[PDB]
Amino acid sequence: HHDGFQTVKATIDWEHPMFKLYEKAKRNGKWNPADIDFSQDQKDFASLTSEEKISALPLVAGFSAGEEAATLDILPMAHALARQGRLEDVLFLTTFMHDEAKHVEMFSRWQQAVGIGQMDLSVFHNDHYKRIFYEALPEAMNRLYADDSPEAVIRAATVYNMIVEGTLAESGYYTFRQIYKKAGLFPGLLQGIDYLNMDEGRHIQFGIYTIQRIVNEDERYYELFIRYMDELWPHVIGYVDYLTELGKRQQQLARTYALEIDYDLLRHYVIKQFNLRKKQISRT
Amino acid sequence: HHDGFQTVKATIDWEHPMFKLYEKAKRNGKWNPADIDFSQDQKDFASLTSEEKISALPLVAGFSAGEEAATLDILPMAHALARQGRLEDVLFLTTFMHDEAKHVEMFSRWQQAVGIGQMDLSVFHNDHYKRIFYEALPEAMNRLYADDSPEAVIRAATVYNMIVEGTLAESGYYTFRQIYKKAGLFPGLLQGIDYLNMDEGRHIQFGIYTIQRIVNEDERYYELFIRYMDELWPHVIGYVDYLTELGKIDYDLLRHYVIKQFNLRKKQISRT
Ligand SMILES: CCCCCCCCCCCCCCCC(=O)O
Ligand SMILES: CCCCCCCCCCCCCCCC(=O)O
Ligand SMILES: [Fe+3]
Ligand SMILES: [Fe+3]
Ligand SMILES: [Mn+2]
Ligand SMILES: [Mn+2]
Ligand SMILES: [Mn+3]
Ligand SMILES: [Mn+3]
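Just so you know, the sequences run in chain order A and B.
Under my numbering, the first residue of the first sequence carries the number 1, and numbering increases by one thereafter.
Under my numbering, the first residue of the second sequence carries the number 1, and numbering increases by one thereafter.
Note that these hints are calculated values from the structure, not bench results.
Heads up, a few of these hints could be off.
Unchecked claim - In silico PhoX-like links for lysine-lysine, alpha-carbon gap of 25 Å or less:
1. A:20 - A:248
2. B:24 - A:9
3. A:24 - B:43
As the list claims (entries may be wrong) - Example chain A residues on the side facing chain B (calculated, C-beta under 10 Å, incomplete):
4. 66
5. 79
6. 91
7. 94
8. 98
9. 102
10. 119
11. 121
12. 122
13. 130
14. 137
15. 221
The C-beta atom is built at its ideal place from N, Cα and C for all residues, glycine as well.
For reference, chain A alone in the conformation it holds in the complex:
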């Protein structure tokens, strides 16, 4: 039952950080995947040999499942904060969920447009990927339906916002630009990636806000945050090494397009993101 309603008894807290993030989301979130022109992407993909065609699909396979999981698995966080009466967080999360829906749509439209929608891309999810996206992420979020303790909320935001979004997604955006933007391939996908990257800035800020406000009540949760980050790192880098090894064994695209794909630079960027996400949470 509802005991009452904040906007009947009072008003929205207009100065709440998540209300302000909600306002930015509305201003900055107007893009529509359906407006992206993928016609040149189709031409580029058809121009590639079978070998070069593969080069791109592991990254896309990882994003497409990632966005779909993101759309499904944010709902328990919205429920948990709703039940706690955090109306402004809920408002913001409506924009978060609608963002992820557009991300799912964007990658699916690209697969359809380039002619691979019929191809099962699950073959590029190795065991580490599945540990994060098929298992740990839904387990951490779904926990919130029966356990919305500070410990549970911190773990959910860590896995979702700090690891999946703040480490993997961010490193995937960078990787996409380092490879396909340099090669001049897939302009529509790159337009998508840039929209996604803009959206993701708000999603990571929500996670930072959430974790920090819990750490602010008891700095003992800071150690829990660090620990959960470190627990998932082996699967983060396990997946990144899988992708790297795939890239190193599929050299055709980089040769054709005169790219010196510095995979050691990519790996360094992932480590960099992981440690900088840790640093955006303060003990005090």
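For chain A, the structure is supplied; the task is to place chain B with the ligands on it using the hints.
Frame of chain A; chain B with the ligands shown alone:
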């Protein structure tokens, strides 16, 4: 756990009715309550007598709580359809939920602007209103966390989309126009109502789609729909009568609009 992902094994079902409704929601759902100019509404409100001021508040109190319940209480429907693999339904429901968030925002901005944000409008929720919005609606939606049977889904969509939205919300939009537009009062609020009414057409279309697809599998669910509608009617009309009595423009015309909405929502679901 996730067993797999539809957009990795295949793609979105581009022809799915809720994907089409999602596409329409993006194209038609751009409005922003922060852009509505409420400055004249403030002046209009200040120009009313004390008694006229209090005459406007019950309808607003009904809506502000209704939108807030709507925002919170659609989440279990999104979860249950997600768990069923109904990906295109979920995509659409992200636009549904963000719509209700903007509706909450719009009424609260109006209350702030005209100077009543500090006033507790719960005084204007009577027992019938509470039965629907404080109790039956959250009860029926939250049930979906543990029971997503066809019967539970039909009941949730009946209470939410056909009664709260399809009967009360639609009747409130009409009421605001019949009263305040003819009076030339609260133009910002009426711009908001127009945007809300446009959004609401999609929300009601989702409820129709959901209820009919369950009815299509077994015609005995049609009788459940009708029964759930009738069960809620006494509270619908008990709240409407309470509002009508406070006002004492043609209240009988308004009251008949509610009955008309109720019946036509019933008619939009087919036995066969
Ligand atoms: C070769 C370097 C590897 C870099 C790592 C690439 C990671 C690709 C996986 C993308 C999944 C991101 C899902 C985002 C979820 C969200 O949007 O909230
Ligand atoms: C004087 C005649 C009364 C007519 C009916 C007035 C009803 C007021 C509306 C309250 C509920 C609105 C909540 C709808 C939720 C949504 O937007 O989905
Ligand atoms: Fe995200
Ligand atoms: Fe609605
Ligand atoms: Mn391994
Ligand atoms: Mn009564
Ligand atoms: Mn995303
Ligand atoms: Mn509404």
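Handout entry: Broken hints, by number
Key = The structure breaks hints 1, 2, 3, 15; every other hint is satisfied.
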